[PDB]
Structure formats: structure tokens, C-alpha cells
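Visitor: Okay, here's what each chain looks like letter by letter:
There are 2 protein chains.
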Amino acid sequence: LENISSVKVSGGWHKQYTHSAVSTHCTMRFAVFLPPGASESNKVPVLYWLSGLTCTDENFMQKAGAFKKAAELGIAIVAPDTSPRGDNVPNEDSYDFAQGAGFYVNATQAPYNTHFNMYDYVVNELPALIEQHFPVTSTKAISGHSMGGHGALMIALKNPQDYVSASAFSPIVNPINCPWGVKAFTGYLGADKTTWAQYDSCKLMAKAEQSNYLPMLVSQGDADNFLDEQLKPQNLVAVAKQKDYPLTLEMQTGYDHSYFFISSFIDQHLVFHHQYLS
Amino acid sequence: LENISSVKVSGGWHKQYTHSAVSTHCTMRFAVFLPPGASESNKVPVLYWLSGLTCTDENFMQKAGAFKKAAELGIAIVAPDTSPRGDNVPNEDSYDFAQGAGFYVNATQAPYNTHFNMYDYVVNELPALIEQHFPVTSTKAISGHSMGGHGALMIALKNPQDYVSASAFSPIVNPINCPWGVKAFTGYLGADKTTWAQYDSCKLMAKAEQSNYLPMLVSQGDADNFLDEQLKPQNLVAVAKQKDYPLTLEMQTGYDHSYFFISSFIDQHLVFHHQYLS
Ligand SMILES: [Cl-]
Ligand SMILES: [Cl-]
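Residue numbers (our numbering), protein chains in the order written: chain A, 67 to 344; chain B, 67 to 344.
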């Protein structure tokens, strides 16, 4: 665990770290924001933020503008990378697959089975590292964008007792039924689509147990050029209304898929999570 | 004038444009944020933002997080480039000179005198263009960071009656007495140091007329690596005191030279300028 950068922002501190990840079998870099006053005697809750295709930890920390409200609500923020990295990790030219595009699953197909275990990384390895080295409690929530939105809602659904709430921006709610997901699932999981269902939010919500329901918020711009071919938000809503799941999906008129969009409603999400984090 | 990008943010709109600039004799790109409600029948005041070395219009728009408060206060933001651009425009690898480093002056030394007229650009051409194609009024304020901070205070002091207020983040207040200024002024203005004074905030403030005094706010992080070698805020504090100039310079403990610092207090500056812009 090595601190590679540190900067003050909104009374708090933004810091990047690197560490030899066991789940990804490679060096991983993640960013952490500690609100003002966070200490071993005053531990704070945590919001995990998963980014989308081609992103790293820096995109959100630099363009979301989440610090102001996070400092105010006393919420720490951990932003992990989107995949394993390095010349010893497989990769291909496409931006929508392999490095920079882990889809937060545990690849079973070789050669991706070795390092592409972003699921275990985000769900087990990182949280353990965070709670052991930072002034934070075990109370946590999760959110993300696009591929990361898919990750947040999917991970929440699969770990109902470990997250108090979940949200997402422009999420890929039904990977099984979109090019990005089909490609990602085929390469990482194989052609047996029955193994895909365990990583699809729509499939997961449908089989969800009422007692494990948890507060969910989703923001989506109706000017998102990926709205119909990859995102398909209505697919999740339909399932949510079948299960009476506590999901709130809001279309924001005129907004797109960029961080200008994320920054426009990140505060709504922080307030949303704060309610359950505390 | 050609619009090259458009995105919605905080209810308003962020847009980038290019045009054939006369002053710089080259195509120039700038960005504009119109708060929600801005229209021909409802025009709004403008805050010009001057960026520092190596920056363009995007750094501030993407990393400052100024839209929430600007949209709330009804303030339009114009962020021009930092110098002329193009393969036919003089340039060199140095990050502190030539392109991305116009220092907001009108170059007198060839070959720079042809395109390096950022003073003329930001002060005369740009405002005329903005007020001609956008739902903005004539009321304006100006701010900036580092080289842009130098630009903001300098431009305001040189045109006391055309700007209602001025502010800056980590400004180069005394370019004549720092490496960045010496190098830039020597290349752009020549060896005769007497021609540099007209672009130095400390020299300028020293000769300000009482009735032309205007509100000024400067924010400087005390952990800024360029503080003592390039910025020297106290040099300006001294002049301001001798002239009873209404300058308030605050040292922000623990903050650096980055946009993390800027994003931390941009709201304070917006509120600052709002008072005079309305
Ligand atoms: Cl692998
Ligand atoms: Cl030139």
C-alpha cells in the first residue's frame, strides 16, 4: 500500500494509492476522499464509486465535483480502477473489452480468469483494505456510471446485507441484452448464457427477496446516445414494478452520458445515500 | 462563429465554439456556460475566466465545478484559450512560453507580434463577439488562475470602468520579478523592461486612480509549490496597502496550485462577483 498522491479539497483530502492486488494479480491504483475531520476517533461511512469503460479513478475525482457535498455530509469516497492493468495482463485494442473494461465480474474463461476478477476486488479485497487502513466504518453504499452503474446495482443486489443503498448514472441494466454486455460476457464467461444471469441486474432483481430489498436510485439523461442500444433503463423499471422493488429511476431531459451530467446530480445521490449511511 | 460541442449541466448549457480571430490571426476555441433561463428576453451578466499555462478552455469547465453555483446565481461564464493556436503559429516545447502561454499581452517582438495578442483578444475582440451572439448583457467581471490570475487583475486594473470586480487564484502578481514573467516578457516584449510595467499588476495597482478602484479577491494556497518563486502574493498586498486599494488576499492553508484548490473556493468567488454583477 503506497500513497502516490495527496491534495486538499473542500476541507478534506483526496489521495491516490497503489497496491499489489491479490484478486487481480497485479498492481492496482485507487483514489480515496476523506471528508474534513475524519480520524481514528471519528470514523466515517463510505460510498464506493465504480467508473465506466476506459475510465480510471481520476475521471470521477476530477470531473464529478462530489467533494463539496461529501465533505458537508461527512462521507468518504473510494474510487477503484475499472480493471486489472499492465503488460502482464491480457488486453486487446477494443475500448469496450479487456483492460479498462472489466465489467465488474470474475472471468472464468482463459486468459481472462487470472486477472479479471474486478467483482472480488470491489466486493471483498478493496473494502477490507480500506477499513483496515483508513478512518472509516464498515457502513457502506455503492454507486457508479454506465459499466460502473451496472456494477453498483448488480453488486448491491448480490450483497443485500453488506450495502445500505445503491445508485447509478446511465447504467447498463440488462447486459445480457446489449452488445457491450454480450461481448463482455462471451469473452469473460463463455457462450453458456446461463452463467451470465448471475451478473445481470434485471435477472438479479427479478429473483430478489422482498426482505433483501434496498433503496435504489438511478439517473439517466434522455439525450444519452447509448440510451437505447446499451442502457435500456426501462428494462429494469419493468422488473422493479413486478417485484415492487424500492427503485427510483429518473430521466433527466437534455442530459447526456458525460460527467457534466454526473456532476449535475451527484449531490442528489450523496444526499440519497447519506440517509441510509447514517 | 461555429459551435463544435454542446452539453447540458446544472440546468444550463456548456458549449464550445471556434472562430477566425482577427487579433490573433488564427482560429480560436472558447467555451461558454449559459445558466438556466438565459435568453434574448432574459440576458445575464458574464464572468470571464482566464486559464493558466498549458491550459485551454476545457480544464476549468471540466474540473472547476463552477456550474452549480453559477446556474444558481444566473451567471454566464466565458473561458477563452490561453494563446493563439495552429502549426503556422510560433511555438516551442517550453511549457512556460509560446502556445498555451500567451501571458495575456500584445507581443511587440517578431514573429510573436503576429498571433500573440491575447490582451487584445480577451479585452476587446472576445467580449464584442460574446455580447453579439449570446444572451448576455454588457455587465461583466473577470477572474483567473496563475498566469490567468495575472491576466485577470491586470486586465481589470487597465480597464477599471469596464469590469465591476476582479478576483484570482494563485496569481502571478509581479511577473516582472519572477522567472515565468521574465522569460515571457523578454520573448514577447523584448529586453526593454520599461515596456513590461504596463502588464504588471503591482506596477499597475501602484498607479491606480482612487475613483477607479474596484473590488478584488485573491485566494492563494500556502502549499502551492510556485508560491515563493513565481506568485509572490505579498508583493501585491504591499502595493494595495500603500494605495488603500480594496484588495482582499487570503491564504488558504493546506491547499495547492491545482483545480482541486480552485474548485474548493470557486463558489466563494462567484458569490463575490455576484454582488457587483447585480
Ligand atoms: Cl487475466
Ligand atoms: Cl505570432
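One thing to keep in mind: the hints can contain errors.
Copies of the same chain look alike in the list, so a pair counts if it fits in one copy or across any two.
Derived BS3-like pairs: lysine-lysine, alpha-carbon spacing no greater than 25 Å straight-line [said to hold, decoys possible]:
#	residue 1	residue 2
1	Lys-309	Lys-129
2	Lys-74	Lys-129
3	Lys-81	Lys-307
4	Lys-273	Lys-81
5	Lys-129	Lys-81
6	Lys-259	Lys-109
7	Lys-135	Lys-74
8	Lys-249	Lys-224
Because the hints were derived from the structure by calculation, they are not lab data.
Visitor: The structure should be examined with respect to each hint, and the outcome stated for every one.
Guide: A quick look at each hint next to the structure:
1. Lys-309 / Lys-129: neither (35 Å within a copy, 40 Å between copies)
2. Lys-74 / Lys-129: Answer is both; intra-copy 16 Å and inter-copy 14 Å each pass.
3. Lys-81 / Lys-307: This pair counts as neither: shortest intra-copy Cα distance 40 Å, inter-copy 38 Å.
4. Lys-273 / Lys-81: For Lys-273 and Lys-81, the Cα distance exceeds 25 Å both inside one copy (38 Å) and across copies (44 Å).
5. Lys-129 / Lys-81: both (15 Å within a copy, 16 Å between copies)
6. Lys-259 / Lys-109: Cα proximity of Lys-259 and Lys-109: none, with 43 Å in one copy and 56 Å across.
7. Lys-135 / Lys-74: For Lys-135 and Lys-74, the Cα distance is within 25 Å both inside one copy (15 Å) and across copies (21 Å).
8. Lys-249 / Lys-224: This pair counts as within: shortest intra-copy Cα distance 22 Å, inter-copy 60 Å.
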